[PDB]
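Left out: one protein chain. Kept in place: all the others.
The first chain written gets the first letter, and so on, giving A and B; residue counts start at 1 in each chain.
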Amino acid sequence: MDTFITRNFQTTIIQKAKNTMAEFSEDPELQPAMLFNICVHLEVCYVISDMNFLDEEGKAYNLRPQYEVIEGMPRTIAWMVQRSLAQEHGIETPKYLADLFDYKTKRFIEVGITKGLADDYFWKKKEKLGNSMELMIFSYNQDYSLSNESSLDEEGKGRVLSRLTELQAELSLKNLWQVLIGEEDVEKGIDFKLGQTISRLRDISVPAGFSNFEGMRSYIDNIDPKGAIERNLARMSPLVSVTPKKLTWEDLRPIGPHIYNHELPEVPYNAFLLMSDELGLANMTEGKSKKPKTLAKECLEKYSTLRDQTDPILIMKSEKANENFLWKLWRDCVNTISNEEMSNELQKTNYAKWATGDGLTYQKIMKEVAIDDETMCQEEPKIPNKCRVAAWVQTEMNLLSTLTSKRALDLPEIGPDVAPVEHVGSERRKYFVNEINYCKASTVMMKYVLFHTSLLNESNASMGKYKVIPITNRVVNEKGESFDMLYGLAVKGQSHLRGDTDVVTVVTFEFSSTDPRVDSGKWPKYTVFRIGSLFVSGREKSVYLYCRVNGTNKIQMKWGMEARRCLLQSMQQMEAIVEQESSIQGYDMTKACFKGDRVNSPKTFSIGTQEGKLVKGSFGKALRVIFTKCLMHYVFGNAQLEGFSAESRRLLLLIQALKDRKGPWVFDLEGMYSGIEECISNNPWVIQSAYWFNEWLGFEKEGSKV
Amino acid sequence: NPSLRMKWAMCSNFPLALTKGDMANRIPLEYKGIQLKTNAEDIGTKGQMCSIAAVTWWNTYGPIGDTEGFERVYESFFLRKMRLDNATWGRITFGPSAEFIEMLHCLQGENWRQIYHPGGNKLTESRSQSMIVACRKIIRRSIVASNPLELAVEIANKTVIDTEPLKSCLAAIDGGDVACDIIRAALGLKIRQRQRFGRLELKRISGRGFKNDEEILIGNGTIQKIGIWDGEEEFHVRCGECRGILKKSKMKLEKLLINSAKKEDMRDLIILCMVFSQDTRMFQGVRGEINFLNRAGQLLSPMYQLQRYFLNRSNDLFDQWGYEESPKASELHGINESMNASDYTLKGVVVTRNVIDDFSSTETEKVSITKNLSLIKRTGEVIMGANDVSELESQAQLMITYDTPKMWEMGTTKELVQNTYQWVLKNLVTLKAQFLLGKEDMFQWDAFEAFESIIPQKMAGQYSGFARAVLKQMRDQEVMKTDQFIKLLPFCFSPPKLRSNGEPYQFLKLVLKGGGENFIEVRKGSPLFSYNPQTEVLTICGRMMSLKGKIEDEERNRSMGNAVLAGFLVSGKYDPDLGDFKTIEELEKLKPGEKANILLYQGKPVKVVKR
Partner (left out) sequence: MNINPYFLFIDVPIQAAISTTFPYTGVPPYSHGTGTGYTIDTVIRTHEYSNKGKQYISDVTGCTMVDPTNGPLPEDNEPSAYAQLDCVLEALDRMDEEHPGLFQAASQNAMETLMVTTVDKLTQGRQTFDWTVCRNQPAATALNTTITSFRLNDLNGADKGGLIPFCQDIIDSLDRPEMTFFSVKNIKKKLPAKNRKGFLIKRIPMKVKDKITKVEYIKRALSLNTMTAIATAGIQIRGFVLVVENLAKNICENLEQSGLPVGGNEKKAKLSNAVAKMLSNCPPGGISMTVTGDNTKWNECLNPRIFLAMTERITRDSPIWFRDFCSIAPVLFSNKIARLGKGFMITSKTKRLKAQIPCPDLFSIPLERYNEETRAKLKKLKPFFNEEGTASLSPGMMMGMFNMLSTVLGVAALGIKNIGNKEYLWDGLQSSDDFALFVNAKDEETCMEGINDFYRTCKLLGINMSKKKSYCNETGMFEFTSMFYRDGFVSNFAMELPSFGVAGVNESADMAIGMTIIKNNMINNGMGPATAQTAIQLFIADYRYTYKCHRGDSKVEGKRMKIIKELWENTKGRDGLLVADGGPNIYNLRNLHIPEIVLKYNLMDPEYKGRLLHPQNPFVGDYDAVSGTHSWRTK
């Protein structure tokens, strides 16, 4: 393919043909035959035009040639030259792009290569074009057909025929004659007639003021619309304006001022698992992977007083919940985990059926009966409540951003670094894991991901029977000891359907130590028992069980498993921060940002407020806060949080412009604020984001004056 | 869900289709109780199946087919690999050919750029390339250490390229770079005398200069203390394959005559020439921050700061350099900012047709090298230094090996451990003899200095205290076990970090850089350290090596529980009365004189007592 093209044609012809083919074909390499045809056509054109010369008055010998080569050049310039020639010489411009233009008769020329014979492709070209331009036809076999007598003479004919004959012989003797394609196959299709229905559709699709499509076409083709825009802008109403105003600091007001109102309810806890109040039953192991049922069995054996408690000491009750059935299901879970059977199925369908409310579902009827029945009305939408700030979100963020004694992250290795960029990445990863390994949020995230993946695996593998999914997690401490942790048990419902969005009920029992009565408004969805006490470092602590009936779907299970990408997201945010810091300089600032060089001191970040005063921290603490923020954004994610995050970005960029003194201008500030505040209804993360935004905005306003 | 479906299929028994034929039938029906292929005859399809275990068995014990011509079929991939290995990596900078598109992921980001010079089939001069690579690596190691000259000489004498000592290549090979010249002067050899400014080579041919201290304002608006040269001077300047003549005066570049050569070489020469000329016109082009540091963590001198900046951001200077019209003489030409032929040439710069005779006339001499790898002639003027060493990095074409622990840090943290343990073993007799004398100086050896570089800093002191306490327990109050002495000796270098109680920190494993599999188990066979009690073999990273003779008869009956925790000695047996196996946290909190229970590994419980 490319070998013969390179050998038989010069570089300039080959590259020109390649460009011409690439202009309309996006896969030039996949069809070399078109390249062959284009290069042969270009060579023939050059043969016709390269040698034939002219002069000033009439001499067909200066440097003036009688042929202009319009082929082999970009269409953008070829069309310009063609139109310029047509206008200068007072001749009509053909609707197609010509290959050559003759200066002795001032007529565009079409040249084709006919594999079969001349006088047949000639008439096809005539039909395609007509009287617009002349034709010069040459065939691989010795033959020609010209539309003019004063056109190309015999001398050029000999060279072009010899050029074609050499290629024909080479193709014949190199088995590539089967790849040759005629120009008729490329010309295929010029007879497109419009039927009656489509024409009528065209007639009625014209803008206002036109009778049929023909009037619209003629008006477009013949009218000069110069000055129309200014004409229509002159008579446009002044009320149509962007109404711009120069933004100031005073124009920035707190968002969602109803969160401060105390008469509203406070947001409850609604995440799938206890994030910061979780309690895990640690059991040392040698690191060998165990089936989750065995892990739960051993962790329950290590704590016998909790496994063997058979009587509920109820502490709190959800208004609907049926604490007796919840406790009976919990006992069933604990008894099925400890059995000798190799299955985690709850064969006792009674309490699982009666706890998930599966017996209180709606059923379908015929549409005719519903139409007749006047009592049937479409339900009103569930308007989200308007809640206020809850201090437990602040406490949860505070705790999840601290360092624990356990780590749940164990990532594999990668090839050795050889490039400076790879060394930069390795250093950044080293610092990131050093700061995030023992963070509480990291272990919580790994627990979330493991729970969701376990749910999904059990969901579609065995959907028809109630399974119990231990809420487990493997962690390691600074001494290299590998502990198996059990945070609770989660009986998973069963869905009669098999769709991906179908809801499955998952009742979760989670251990804890925090007294639910200290923050009563946090746990309206939970029934809390008291199972026993525990000793950790010589101090006794109570143990509670948080039962809750929840629902989810395969889509949400996959979303929860994918929640692990918060690690990559935090890594990328740290990378962006470090890259921005280094862009001021020319060199990487990872070490200086984290550890601090001789010229650069360690970077301190603003982390929070203590009695209304700013408190600074290290880049490690800020990294932990970033990771916690990403984790909570993923955990508390819904449409409201999505919209709030998307919309508050514009306000944040406006504050950035104000800080940089870039003189921002706003066209609808109240519209911006309304768009931001329409998403603050009941999401704990959105409400806390609004509270934090207002506090930070107050700090920024105070700082701007100085 | 292709991922989850694949997960389930791999959890199936026999998910993989298998062909029919003698080669297919060579797989056993079941291997060591694992069924590998289906022994079922399908009704109509007759399709046999197999497990992934079948694939693993084929790769483990399957027929060894011919693998000739494989590199011919996949020649493009191997060409890509060769280009990647033969490439040279420059510097990564942040802020604002088909062989370059391949590496695009590693070359261009959104805020960073990676300088990358691809290689391939440049094999003939391997000796010189390897000598340059080795000299650059030696210089890089030496700069970060106190008294760089001493370490440079001590590493240069113990390094060999292929088979010849580095000194032999330096003396024999006439080529090289700033690093090779620095090493030559360090070893006492002779080098060609040329003034250096980065890659720029300068040979004064006329004029005189008297550097004076002055305060200069740069474009960004900061005052810098720079030594400025006053007086008209001329130099013969070379950069790679491009040479020229430079006339300059106080804060001004007057003439710059050069020849035609590689575009990047021309650009580098011209930029270096402007920077050296100390023109105020290039002082004012500094609109950014000049705070670059060397790998030693020091601050570059102002001239090298400007050199680095204007080598990185060349347009910031060509914009603030002005332009002029070059004469229309045949030999005299003009070059624009893009190193092209254009009469709109830079102010004072002109490319010329006539050949400038190379200044590199044989000038071997004996320069004096200072502590900081700075070369000074008898007259007393610095000619070259560490700052001028190129920052390019590549892989030597000939195996270069350094026989010194100071060069172990260039390992993969697996070769470092291998070398440290082999060094400990080869000196086991003397090490043990010195330990059994009440002397602790062996912890300061250079091998342990190299080892410390892979122990995380946060836990280096704790590990050192733990290991030292365990060794002292093994020695004074008891007789030792050789294996654990070997295992825990490297960790003893760092100063102890005993807790407030005065006792050391107990550990179950000792972790190193690049974890996952790089850890040392204090009481078990880690992947980086294993030992067979009976066969007397130490498998360090799969390099089984015998221990005959060095072991003692009496240290075979002794249990392993006597040297697994500091301050704990074995007593009694596995008594299921105190409770379950205690965690290190409980052992640390245990009152003196109390017993406990321990699980050395799977099936070896033991009981210990505090002292």
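Methods note: contacts are C-beta pairs under 8 Å (C-beta built on N, C-alpha and C of every residue); 3 or more make two chains touch, one makes a residue touch a chain.
When the whole complex is considered, the residue among A:1, A:414 or A:503 that touches the unshown chain is A:414. Contact with the undisplayed chain is limited, among A:359, A:381 or A:538, to A:381.
Considering the whole complex, the residue from B:71, B:125, B:324 or B:331 that touches the absent chain is B:71. One chain is missing from the display, and on chain B it is touched by residues 2-7, 9-10, 15-19, 21, 23-24, 27, 31-32, 34, 47, 49-53, 55-67, 70-71, 74, 77-78, 80-81, 84, 95-96, 102-106, 108-112, 517, 527, 542.
Everything that follows uses one rule, which is that only the chains that are shown with their structure count from here on.
Residue ranges on chain A touching chain B, taken from their complex, read 284, 286, 302, 410-413, 416, 418-422, 424, 456, 460-461, 478-481, 579-580, 582-588, 597-600. Across the complex, chain A is touched by residues 4, 8, 89-96, 106, 111-112, 114, 288-289, 291-293, 297-299, 308-309, 312-313, 393, 395, 412, 459, 505-511, 514, 516-517, 519, 521, 580-581, 583-585, 599, 601-602 of chain B.
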